[PDB]
Amino acid sequence: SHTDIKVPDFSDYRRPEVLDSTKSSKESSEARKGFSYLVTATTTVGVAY
Amino acid sequence: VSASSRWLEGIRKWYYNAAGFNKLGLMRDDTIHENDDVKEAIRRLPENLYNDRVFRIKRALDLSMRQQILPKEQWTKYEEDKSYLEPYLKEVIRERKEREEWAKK
Amino acid sequence: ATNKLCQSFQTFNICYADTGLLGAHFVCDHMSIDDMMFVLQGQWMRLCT
Amino acid sequence: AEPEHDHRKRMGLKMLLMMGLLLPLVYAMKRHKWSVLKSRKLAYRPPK
Amino acid sequence: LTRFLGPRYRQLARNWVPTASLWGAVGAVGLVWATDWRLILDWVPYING
Amino acid sequence: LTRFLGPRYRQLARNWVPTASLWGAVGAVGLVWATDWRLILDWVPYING
Amino acid sequence: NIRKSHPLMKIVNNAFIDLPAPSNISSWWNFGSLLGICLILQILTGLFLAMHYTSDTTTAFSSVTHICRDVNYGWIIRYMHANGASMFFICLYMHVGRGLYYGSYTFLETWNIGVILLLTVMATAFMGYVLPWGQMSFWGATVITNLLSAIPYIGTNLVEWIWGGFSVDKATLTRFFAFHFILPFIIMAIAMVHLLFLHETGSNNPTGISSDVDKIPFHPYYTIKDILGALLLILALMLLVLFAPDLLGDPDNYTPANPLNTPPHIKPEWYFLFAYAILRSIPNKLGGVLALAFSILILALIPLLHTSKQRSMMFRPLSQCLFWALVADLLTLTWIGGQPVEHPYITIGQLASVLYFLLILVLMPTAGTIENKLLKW
Amino acid sequence: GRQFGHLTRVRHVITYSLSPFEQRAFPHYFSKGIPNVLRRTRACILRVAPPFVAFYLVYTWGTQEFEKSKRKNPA
Amino acid sequence: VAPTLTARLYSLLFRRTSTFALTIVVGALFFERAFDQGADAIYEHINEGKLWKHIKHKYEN
Ligand SMILES: CCCCCCCCCCCCCCCC(=O)OC[C@H](COP(=O)(O)OCCN)OC(=O)CCCCCCCCCCCCCCC
Ligand SMILES: CCCCCCCCCCCCCCCCCC(=O)OC[C@H](COP(=O)(O)OCCN)OC(=O)CCCCCCCCCCCCC
Ligand SMILES: CCCCCCCCCCCCCC(=O)OC[C@H](COP(=O)(O)OCC[N+](C)(C)C)OC(=O)CCCCCCCCCCCCC
Ligand SMILES: CCCCCCCCCCCCCC(=O)OC[C@H](COP(=O)(O)OCC[N+](C)(C)C)OC(=O)CCCCCCCCCCCCC
Ligand code: HEM
Ligand code: HEM
Ligand SMILES: C[C@@]1(c2ccc(Oc3ccccc3)nc2)OC(=O)N(Nc2ccccc2)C1=O
Ligand SMILES: CCCCCC(=O)OC[C@H](COP(=O)([O-])OCCN)OC(=O)CCCCC
Ligand SMILES: CCCCCC(=O)OC[C@H](COP(=O)([O-])OCCN)OC(=O)CCCCC
Ligand SMILES: [Cl-]
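First to last, the protein sequences are chains E, F, A, D, K, K', C, G and J. A prime marks a further copy of an entry chain.
With the first letter of the first sequence counted as 1, position 28 gets the number 28 in the entry's author numbering; the numbers rise by one all the way through.
With the first letter of the second sequence counted as 1, position 8 gets the number 13 in the entry's author numbering; the numbers rise by one all the way through.
With the first letter of the third sequence counted as 1, position 46 gets the number 344 in the entry's author numbering; the numbers rise by one all the way through.
With the first letter of the fourth sequence counted as 1, position 47 gets the number 240 in the entry's author numbering; the numbers rise by one all the way through.
With the first letter of the fifth sequence counted as 1, position 27 gets the number 28 in the entry's author numbering; the numbers rise by one all the way through.
With the first letter of the sixth sequence counted as 1, position 30 gets the number 31 in the entry's author numbering; the numbers rise by one all the way through.
With the first letter of the seventh sequence counted as 1, position 286 gets the number 288 in the entry's author numbering; the numbers rise by one all the way through.
With the first letter of the eighth sequence counted as 1, position 35 gets the number 35 in the entry's author numbering; the numbers rise by one all the way through.
With the first letter of the ninth sequence counted as 1, position 34 gets the number 34 in the entry's author numbering; the numbers rise by one all the way through.
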């Protein structure tokens, strides 16, 4: 009965790269982290200045 | 007894929808302030009613975080609001008043 | 063992076609989940570096 | 009465530009972390 | 807060009224003494100096 | 405190010398940048103003 | 795990990192940390202003001008300190108003410790305004200190004892500087006991319903939310400092103090105007001074006037309207406080003063009881 | 100070979460956010607004009256 | 440029915290020079006649 549990669909939340079930997340693993960590680094630069 | 009673109940149903806790799926007893009488009554709740109370409050806090409400279909209807906690709380209060009356003599 | 952080844990590397699950699983008292997670991840990072 | 007038206006311009950068970036950091919670889904499955 | 109105509570107050009366004398004399209150101390016999 | 002299401890130091070298560049550049150290910054190309 | 076991970091961890906090606290819960940011801002700017300030009546005015003219970036530090004090009162009133709306006063020790923090910050800022020794500085010190003369049979002694003379003079300014220096550090210590009692229960939330079923760690959720709010506090402060540094001050304060002449249009700082309006609506001397004190000390009574069986006003429409009638009424007293004592402002200020105490004492507790009956409990 | 693992009792509640590097930080910011602001404004406008409208009318009348009273009238 | 730009920035500079900090301190250095340069050029363009450094040529000595 715990096998009746399925994770709901996040398609209206996911980023564009990771919406394809038949495509690896490793492909966009590199870009997605850089986009978010770029925002952090810029913030520190502004605080630094 | 429809004429005068239904106008009073009509104003209560107005206030119930105006209060708006039904818009988060909550019931009236979910919103009561937890004092010592209320913690004991909640403690006395059976398993199912306790677990239902927990999830409704959890669902409402999740909504309050997102500044959202449930769809109108899922609002708590005024006529279907169950005062599941009131009978337990009434007994807890009755017991405390008995202690207080014994503490006077 | 010394701090009684869990009743058991196991590491695993579950393989499939072009994908898999690499990690660990453990079982513990409710006041020990955080310490087990901490020590577990610390060892992953320690081996990485 | 206000010899700092010109210098304060130059600083005010720099303050507005940096805030115009930092406010949306810091806002973005807040939403990034909070997105774990804002898209979380709940389900209640009690035994019957 | 009506629960404190009863025969026991009025027996309890009667037991503590001699003590509270005396702690009022301590504070009254202590206030007169610490401030050198001339309005009261002119009447005490030996203090007059 | 002789216990830290061994083959494992010199393998451990070798793993962390690239990281500590880089944290020295962070602090060195951070010190030069925060103090406007003219002795070093006159040599940087675009900074000269 | 080392964040938890070190004797010193365990305090930091259990207060800012692993502290369980409600998942749904709104932006109105940001003012707690902003009050601490304000307190730290005022201590730093204030400390750097004391390095170039003299409490001599003959040079106190000139030492402040020396800061804003000759000290390297002394003016920006100066106007951060002045405007930071106003931002302090913006955060105080929102922090208080948050707690009134959402029923946070039911934490009696935290609330009552809060009322103490409000009064000490008020005393601190009053003495701070006396230091530059302008016209409003001197006559601000004259009016407020004379309030103690209303105390029967000891008032003049308390006033002259505080003044160090028969009037506000050099002895009064030098000691107000010593008090203004030290009182912020006592406030910081009392703010820790404020937080100590709070952590016993954790935070309230907008619903007024217990949130133990849904808690999130303070880090990273409310560290970044508090960081964002601080950047907005700096924005609000720097807009004043860098584009309108005299908008909240009075021009007469740029003339040195003169004990012989009082300006005709006395106007306190904006954060005292509502209570100044309450006092003058009572022509009796002692009566108006007691009404001033009770307009603030009434906060200590709010926990005793709670009648609703629900904690927060989120689900209490009748209380919401009365709550906003109190904000608009306080906005009216602030307006009346900034106008001269003449017709029709005298009568408006009297009606608003009655409405202020009428709302807190009578109307709002009765609304909470009507709401209970409407829900049939 | 309370701590996780000692807060309260919960049973039969499942939570699904997604990593923050897997989803948008501003999903439908305007396409969904603007409708929600209008919903919340409507729900509270009648509680908050009439008091401050009442202040605005009393403010303007008191200022107008004070201005006219200071102007003299022919004897 | 077949690999994504943000993807190459991550592998080279952001993966390690050490190089993630070095890029920030080096970024604040070059950001400070360009930001002050552009900010001052804007404040001066709005006020082209008014400033002293726009009138220092009259007073040669
Ligand atoms: C011992 C030190 C104690 C410090 C305590 C400070 C307390 C915090 C006060 C916050 C002040 C906000 C920034 C003032 C900017 C200013 O005024 O800087 C004026 C300068 C121009 O200056 P310039 O034109 O001379 O050219 C300079 C010569 N090259 O550009 C700015 O606007 C930069 C500010 C950007 C906008 C504000 C962003 C806020 C980020 C918060 C970081 C706070 C750091 C905390 C430090 C403790
Ligand atoms: C003391 C001297 C003061 C002198 C200065 C007076 C000037 C006052 C100027 C007016 C300030 C107005 C501030 C903005 C108020 C916005 C109110 C609002 O956004 O709507 C009401 C809001 C509804 O939110 P709920 O939590 O009920 O439910 C949300 C479900 N989506 O509910 C809320 O968000 C209410 C939260 C509490 C608001 C705090 C305002 C308090 C104002 C000062 C009070 C002073 C008390 C001494
Ligand atoms: C408006 C102004 C109001 C002021 C009015 C004046 C009030 C005078 C104080 C009256 C209260 C005295 C009560 C009291 O003594 O009890 C406290 C302890 C216990 O005394 P003890 O004899 O040990 O046992 C009492 C038993 N009894 C009553 C049955 C006899 O007794 C003591 O320990 C007190 C003596 C110790 C003194 C040292 C402590 C003071 C601080 C140290 C200062 C010197 C070093 C810097
Ligand atoms: C002699 C002078 C020496 C000074 C030289 C200058 C040094 C500059 C800082 C360099 C250190 C940067 C390291 C760093 O960013 O890590 C701390 C966090 C985590 O970043 P995050 O992107 O979340 O995860 C890092 C993962 N990684 C490394 C694999 C990409 O990143 C952050 O959170 C930092 C950005 C947050 C800024 C807000 C905090 C500052 C206080 C708030 C001030 C504004 C409100 C008043
Ligand atoms: C220097 C002045 C003050 C500082 C630094 C301060 C700081 C804080 C902080 C950090 C919190 C927890 C976070 C938050 O709720 O935002 C808090 C909570 C609280 N404060 Fe204060 N506070 C001050 C004054 C006051 C005053 C004057 C009152 C009331 C008269 C008050 C009443 C409360 C209450 C009731 C809470 C609990 C709020 C909740 O849990 O929802 N505080 N304060
Ligand atoms: C809660 C903390 C504080 C508040 C709310 C506050 C508020 C104020 C205010 C309103 C003024 C009048 C400014 C003016 O009229 O120009 C002032 C002046 C002053 N304050 Fe503070 N202050 C605080 C803490 C401190 C501290 C900790 C110090 C020193 C260590 C300090 C030192 C001064 C000095 C020297 C002045 C006179 C210079 C001037 O008028 O700008 N203050 N303060
Ligand atoms: C800054 C200020 C101040 C500070 C703090 C302060 O506390 C309170 C704030 C709110 C309620 C209660 C107290 N009340 C005034 O000190 C000062 O002299 N005036 N102006 C002035 C001029 C003439 C008469 C009275 C005051 C102020 O407005
Ligand atoms: C609360 C702080 C009280 C301090 C007041 C004060 O300065 O006290 C002075 C008077 C002096 O006694 P008096 O006979 O000169 O009388 C002179 C009258 N001005 O002593 C008293 O009257 C003390 C009164 C204590 C009441 C609480
Ligand atoms: C520990 C506190 C150090 C503060 C010293 C200081 O005031 O720094 C000024 C100099 C200025 O650079 P310079 O090229 O003019 O050189 C002028 C030489 N007087 O910058 C430096 O040299 C920074 C040196 C940092 C070493 C720790
Ligand atoms: Cl001045």
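Treat the hints as calculated values from the structure; they're not laboratory data.
Built from N, CA and C at the ideal position, the CB exists for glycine as well.
Worth double-checking, as some hints may not be accurate.
Take a look, some chain K residues computed to stay more than 10 Å from chain F by CB distance [stated by the list, open to error]:
#, residue
1, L6
2, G7
3, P8
4, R9
5, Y10
6, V18
7, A21
8, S22
9, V30
10, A35
11, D37
12, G50
Beta-carbon label-pair distances, calculated as ranges [to be verified]:
#, chain 1, residue 1, chain 2, residue 2, range
13, C, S169, G, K72, 49 to 59 Å
14, A, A322, F, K87, 43 to 53 Å
15, D, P239, K', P8, 50 to 60 Å
16, K, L2, F, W19, 50 to 60 Å
17, A, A322, C, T371, 50 to 60 Å
18, D, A194, J, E32, 47 to 57 Å
19, F, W19, K, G25, 31 to 41 Å
20, K, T3, C, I372, 16 to 26 Å
21, C, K287, G, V48, 52 to 62 Å
Hints, one by one, checked against the model:
no.: 1; hint: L6; result: violated (7 Å)
no.: 2; hint: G7; result: violated (3 Å)
no.: 3; hint: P8; result: violated (6 Å)
no.: 4; hint: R9; result: violated (6 Å)
no.: 5; hint: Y10; result: violated (7 Å)
no.: 6; hint: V18; result: holds (19 Å)
no.: 7; hint: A21; result: holds (22 Å)
no.: 8; hint: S22; result: holds (25 Å)
no.: 9; hint: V30; result: holds (36 Å)
no.: 10; hint: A35; result: holds (40 Å)
no.: 11; hint: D37; result: holds (47 Å)
no.: 12; hint: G50; result: holds (54 Å)
no.: 13; hint: C:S169 - G:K72: 49 to 59 Å; result: violated (39 Å)
no.: 14; hint: A:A322 - F:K87: 43 to 53 Å; result: holds (45 Å)
no.: 15; hint: D:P239 - K':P8: 50 to 60 Å; result: holds (59 Å)
no.: 16; hint: K:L2 - F:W19: 50 to 60 Å; result: violated (34 Å)
no.: 17; hint: A:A322 - C:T371: 50 to 60 Å; result: holds (58 Å)
no.: 18; hint: D:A194 - J:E32: 47 to 57 Å; result: violated (32 Å)
no.: 19; hint: F:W19 - K:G25: 31 to 41 Å; result: violated (56 Å)
no.: 20; hint: K:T3 - C:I372: 16 to 26 Å; result: holds (22 Å)
no.: 21; hint: C:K287 - G:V48: 52 to 62 Å; result: violated (38 Å)
Of the numbered hints stated above, those contradicted by the structure are hints 1, 2, 3, 4, 5, 13, 16, 18, 19, 21, listed in ascending order.
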